[PDB]
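Below you will find one chain, with nothing else, as structure tokens; this is the form deposited without the partner chain, and questions on how it binds or moves follow later.
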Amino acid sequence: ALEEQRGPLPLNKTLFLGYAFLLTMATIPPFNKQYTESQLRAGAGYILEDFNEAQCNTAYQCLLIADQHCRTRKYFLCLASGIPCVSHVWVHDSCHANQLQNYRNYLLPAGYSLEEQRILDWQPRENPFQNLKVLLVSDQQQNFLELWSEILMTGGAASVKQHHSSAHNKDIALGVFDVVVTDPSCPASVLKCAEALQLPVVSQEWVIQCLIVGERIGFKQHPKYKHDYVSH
């Protein structure tokens, strides 16, 4: 009863030609990332190993393939870049019919919204970070500064300045930024400076929530947006 859903390998060897795919999963037909990927390659679909908006802009019609909405780096890059998030069931129904299906009937939800308190469907949207000048403050290159800088930029931000929390000497102009995105490792000097400059400071959750809702949301419409909010 498992192959049934899965579908066969595409008989038409060029079924996915002209498409690039990015695959991920979270942490309702079980999602077999391996078999799905072989289905795509068997149809000449191109497999991207990591987000790359070069080929996604010129060479191929890129699709993110997953079992449901996720909170991964790749899910975020795609929501921010307008690369559609599609259910792997789309790959399967396409192989089954040896004919490309309308991926608009397989869109995955954008994600769980704190404000709406429920899963939100994905819908067309403007760059959520259009012309935003951001200052990222954290003590981790990869995971924060490298991560969010990329997500903010492809989300239409005008500029993102990376600034290592402790290991960095505050020789920047805080007045040029609209928002400070940071975590608990933010130096008190920056917070105190931002407070007086009236420049809002938030946590990564603020960025994620904007990506999910599809719009720039309140800097303070929810506790998790305070840079210092801890589990609890």
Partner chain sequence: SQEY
Contents of the next structure:
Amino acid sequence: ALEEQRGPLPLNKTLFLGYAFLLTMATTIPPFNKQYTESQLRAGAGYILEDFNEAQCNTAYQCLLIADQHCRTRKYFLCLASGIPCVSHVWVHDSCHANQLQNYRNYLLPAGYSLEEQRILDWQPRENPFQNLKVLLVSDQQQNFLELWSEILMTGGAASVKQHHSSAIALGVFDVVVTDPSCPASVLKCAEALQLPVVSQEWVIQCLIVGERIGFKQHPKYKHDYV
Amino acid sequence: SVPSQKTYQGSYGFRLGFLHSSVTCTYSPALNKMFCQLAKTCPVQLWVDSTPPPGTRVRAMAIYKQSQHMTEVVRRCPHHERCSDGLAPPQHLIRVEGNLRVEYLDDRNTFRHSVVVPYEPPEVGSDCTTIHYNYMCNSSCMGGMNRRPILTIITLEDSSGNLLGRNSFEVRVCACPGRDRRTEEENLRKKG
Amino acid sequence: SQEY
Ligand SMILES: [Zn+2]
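Now that we've seen the form deposited without the partner chain, could you pull up the form solved in complex with the partner chain?
Okay, now the whole complex, with that chain kicking things off.
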């Protein structure tokens, strides 16, 4: 049942012509075979993205994310911010079985587990979730925070994102501070005095799952110091 | 265009009744929602205050309940379609068992699947007309409904096709119909 | 990939 349900290769050499694919694997329905799916897409003249790139997605190609389910990875967050549809790998399989492109809207993967809704949420077109938002990122980790949330927020329509390490801005011009327990007490006190909300990354992630700016103090996990 | 889902008892006062038959098909009147199992017998009763004339036909057609997917055609997931009743196409979601005069229409315009059966009056001493429906795809089936809630639309029409009555109800095809019914039912009275 |  497995090898057959994985599907064959597309006879139409140009089945996926004009589509770019960004596959992501949830950390460990038929199981996701990343390289086999890549072979199926490449055989139908599908273009495989090395990583997220809005220079081809916003231009010639119709980008789509391929995954086995909803996951909390960088590619998933970038597509949730850019509004790129999250589509199950079965869509590839079921299409190669038919040698005809299937409606990916029937293969939409969920966004994730919502804290406000207390359940897994189905995906809807986002159309920017951080419009007109000035964010200050404060952290000790530069790569998986100062760069990660910078790119994710910027591709989400943020008006401005500033990157500040936990040792060295305009402040008051910002709308929210996204940090972690490595936030210095100076930033916390200055933000408190200015009535500037300070949240954790879970507020951003939940904003991506729900698809809209949710309340800063809506859930206890939104606090940066949540230990 | 999405077919209408407005209740229309019509001149005959058409209404729907639900029974049960481990529960294989259950109905919540608070949610107006049917929870059944894959390819299980779903009794749907027809109650009329005025007996419709012969030639009357009962059509069934499923639509998506959410607005963003309402325009999307309901079909069977290609997995369950690749693997059979006989008269029922493998892409159709809803089937009817127990009736030998059943028809399946695909509609050359809308391209939506529907299944029709000639109306029959209540038999020996009965008070309604029970039709046995079958749902050939789980709600969570990837490639088909794909977790999207669907409404079943039951319509009465004459021999030509003009509308005479209409009623609808939500359907969830799941493994545990009872557990899910209680779950959503509480998940509803808890809002107050 | 790594989840967050
Ligand atoms: Zn199915």
